[PDB]
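Below, each chain spelled out in residue letters.
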Amino acid sequence: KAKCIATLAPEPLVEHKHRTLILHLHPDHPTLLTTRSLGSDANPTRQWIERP
Amino acid sequence: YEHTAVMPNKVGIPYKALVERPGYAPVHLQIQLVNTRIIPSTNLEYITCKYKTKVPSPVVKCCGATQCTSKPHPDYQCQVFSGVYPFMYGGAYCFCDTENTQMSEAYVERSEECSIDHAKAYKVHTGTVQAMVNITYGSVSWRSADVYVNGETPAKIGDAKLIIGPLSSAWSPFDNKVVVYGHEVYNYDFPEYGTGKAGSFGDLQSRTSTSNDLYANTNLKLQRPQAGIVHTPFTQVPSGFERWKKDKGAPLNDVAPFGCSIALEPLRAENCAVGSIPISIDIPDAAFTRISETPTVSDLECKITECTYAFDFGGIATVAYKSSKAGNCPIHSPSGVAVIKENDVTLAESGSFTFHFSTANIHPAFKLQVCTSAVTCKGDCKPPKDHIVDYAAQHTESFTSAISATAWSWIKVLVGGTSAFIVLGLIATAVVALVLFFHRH
Ligand SMILES: *[C@@H]1O[C@H](CO)[C@@H](O)[C@H](O)[C@H]1NC(C)=O
Numbered sequence: 260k261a262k263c264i265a266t267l268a269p270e271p272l273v274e275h276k277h278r279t280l281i282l283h284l285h286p287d288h289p290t291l292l293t294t295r296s297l298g299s300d301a302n303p304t305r306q307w308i309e310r311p
Numbered sequence: 001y002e003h004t005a006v007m008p009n010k011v012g013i014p015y016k017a018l019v020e021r022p023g024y025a026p027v028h029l030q031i032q033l034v035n036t037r038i039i040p041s042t043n044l045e046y047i048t049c050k051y052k053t054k055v056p057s058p059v060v061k062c063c064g065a066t067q068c069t070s071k072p073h074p075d076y077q078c079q080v081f082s083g084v085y086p087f088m089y090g091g092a093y094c095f096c097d098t099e100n101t102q103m104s105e106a107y108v109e110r111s112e113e114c115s116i117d118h119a120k121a122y123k124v125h126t127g128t129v130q131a132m133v134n135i136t137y138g139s140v141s142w143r144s145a146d147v148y149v150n151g152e153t154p155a156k157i158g159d160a161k162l163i164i165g166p167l168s169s170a171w172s173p174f175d176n177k178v179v180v181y182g183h184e185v186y187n188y189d190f191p192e193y194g195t196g197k198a199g200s201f202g203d204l205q206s207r208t209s210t211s212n213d214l215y216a217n218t219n220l221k222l223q224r225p226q227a228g229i230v231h232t233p234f235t236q237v238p239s240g241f242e243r244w245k246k247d248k249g250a251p252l253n254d255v256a257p258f259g260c261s262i263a264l265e266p267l268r269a270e271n272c273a274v275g276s277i278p279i280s281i282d283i284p285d286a287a288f289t290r291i292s293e294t295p296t297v298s299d300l301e302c303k304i305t306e307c308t309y310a311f312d313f314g315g316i317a318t319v320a321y322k323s324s325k326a327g328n329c330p331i332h333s334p335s336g337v338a339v340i341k342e343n344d345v346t347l348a349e350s351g352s353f354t355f356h357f358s359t360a361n362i363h364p365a366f367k368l369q370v371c372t373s374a375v376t377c378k379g380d381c382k383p384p385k386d387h388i389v390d391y392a393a394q395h396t397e398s399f400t401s402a403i404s405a406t407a408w409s410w411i412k413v414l415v416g417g418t419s420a421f422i423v424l425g426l427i428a429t430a431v432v433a434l435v436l437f438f439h440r441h
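Chains E and D are the protein sequences, given in the same order.
For the first sequence, the residue numbers in the deposited numbering are 260 to 311.
For the second sequence, the residue numbers in the deposited numbering are 1 to 441.
Incorrect hints may have been included.
[Unchecked claim] Pairs of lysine to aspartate or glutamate residues, derived as EDC-like cross-links and limited to a Cα-Cα distance of at most 16 angstroms, are as follows: (1) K120/D <-> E192/D; (2) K385/D <-> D299/D; (3) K385/D <-> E274/E; (4) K367/D <-> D390/D; (5) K156/D <-> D312/D; (6) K50/D <-> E152/D; (7) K276/E <-> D386/D; (8) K276/E <-> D390/D; (9) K260/E <-> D117/D; (10) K246/D <-> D117/D; (11) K260/E <-> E112/D; (12) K260/E <-> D386/D; (13) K262/E <-> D386/D.
Quick caveat, the hints were computed from the structure, so don't treat them as lab data.
Whenever a hint applies, use it, and build me the whole structure from the sequences.
Structural data, given as structure tokens:
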């Protein structure tokens with residue numbers, strides 16, 4: 260077991276709308292984006308973002 | 001003095017209350033959970049990892065034949081290939097042209113990585129629930145200790161004895177079977193030991209990473225060595241662990257409801273906002289001061305100077321007062337209509353003080369307790385400007401919290417008018433019915 264340096268994707272641009280979060284993702288490499296609700300239904304989302 | 005109440009199972013949101021001991025001035029009590037940990041009981045079923053295929057030197061029998069024997073090795077394979085004529089660097093190895101046999105042997109072992117790169121399959125049963133509780137009361141600074149959320153085991157926090165009731169919800173994010181790999185936990189109904197299929201998660205199963213009895217189920221098949229070459233070729237189904245690591249999917253860390261945070265040492269689900277938590281705290285008798293020894297507050301008048309029903313402390317109010325024996329006096333709002341930011345204020349013989357509060361009501365109406373006295377605060381609150389915020393709501397929204405005075409007026413007009421229409425029709429029917437009766441009589 261060792262410590263490896265993993266890439267850190269660019270910070271997303273975040274825009275806010277009524278009950279909506281808009282993220283503009285500009286990755287350098289295929290970057291995994293995951294989200295989940297904090298309620299009784301997680302409604303998870305999982306997708307790899309390869310391009311803006 | 002024992003104070004009993006029920007607080008919501010929220011982390012980072014402090015619970016505030018006034019401990020009212022008859023004959024003594026109220027003592028402000030604030031209980032905040034630092035973390036909540038659901039720690040289930042787990043039994044390691046087996047360990048899965050990438051297999052290694054060990055292939056001992058083949059037995060090349062020249063001008064003769066050999067026979068394979070069974071051995072206690074995982075997925076052991078042995079086959080005698082007749083009619084071989086191998087060649088080495090030094091020329092033909094055997095003399096006879098076809099009366100020679102090569103016996104190939106191969107078996108499965110745990111790879112070196114299995115010490116570090118392996119998945120642990122666990123059976124999960126109901127365990128225990130623990131929490132870190134931060135408590136402050138009166139003039140006593142914040143003190144904290146680890147407690148058991150079971151309603152039985154008492155905890156001593158800053159001379160105060162705290163008993164935290166069991167969670168109202170027995171919900172747990174772990175199923176009866178989980179797989180722990182690295183820092184991630186997966187709800188996976190892994191195959192029973194000895195039942196793992198080739199090329200699947202359980203293709204390689206070991207009761208522990210250091211056991212001397214390994215289960216291996218791979219289609220390890222010895223192939224005939226190429227003409228004239230001394231080697232042991234074989235075909236085998238690619239590691240189902242490597243396959244699994246590709247197709248693991250979303251871990252429980254990313255799909256657990258209620259915002260649970262999964263930790264592994266010990267395996268637990270942290271900060272799950274499920275249900276509420278009954279509490280009982282015995283405050284030291286030395287923390288209470290007699291009523292006659294504390295300031296008397298009167299002529300309270302509360303004016304809301306600004307208010308927005310934001311998730312932060314968007315409300316601001318100013319309270320005018322008259323008092324005596326200038327000194328500190330606790331502030332509390334017993335109803336859920338508004339959450340007060342300040343816990344206490346300094347009162348002079350006369351003047352006014354301000355406090356901040358958070359409310360979800362469009363027309364908040366809440367009682368404010370100023371130690372031995374109380375005042376009613378009323379006002380209007382504007383909508384918040386920020387669509388999204390990075391902090392949880394301090395207040396609680398009720399069914400009628402959003403109904404404005406105008407909406408109530410329309411509801412009153414609707415119901416009052418609608419009812420009057422039916423009432424008037426029924427009265428008219430009754431009046432005519434009586435007139436018809438008097439006509440006959
Ligand atoms: C308890 O709360 C106070 C104030 O919020 C803070 O200073 C203290 O560090 C908290 N305790 C822990 C264990 O974080």
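Quick rundown of the hints versus the structure:
no. : hint              : in the structure
1   : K120/D <-> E192/D : holds, 13 angstroms
2   : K385/D <-> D299/D : violated, 35 angstroms
3   : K385/D <-> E274/E : holds, 14 angstroms
4   : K367/D <-> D390/D : violated, 29 angstroms
5   : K156/D <-> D312/D : violated, 32 angstroms
6   : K50/D <-> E152/D  : violated, 46 angstroms
7   : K276/E <-> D386/D : holds, 9 angstroms
8   : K276/E <-> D390/D : holds, 14 angstroms
9   : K260/E <-> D117/D : holds, 9 angstroms
10  : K246/D <-> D117/D : holds, 14 angstroms
11  : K260/E <-> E112/D : holds, 12 angstroms
12  : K260/E <-> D386/D : violated, 45 angstroms
13  : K262/E <-> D386/D : violated, 40 angstroms
Consistency note: the structure conflicts with the earlier hints numbered 2, 4, 5, 6, 12, 13.
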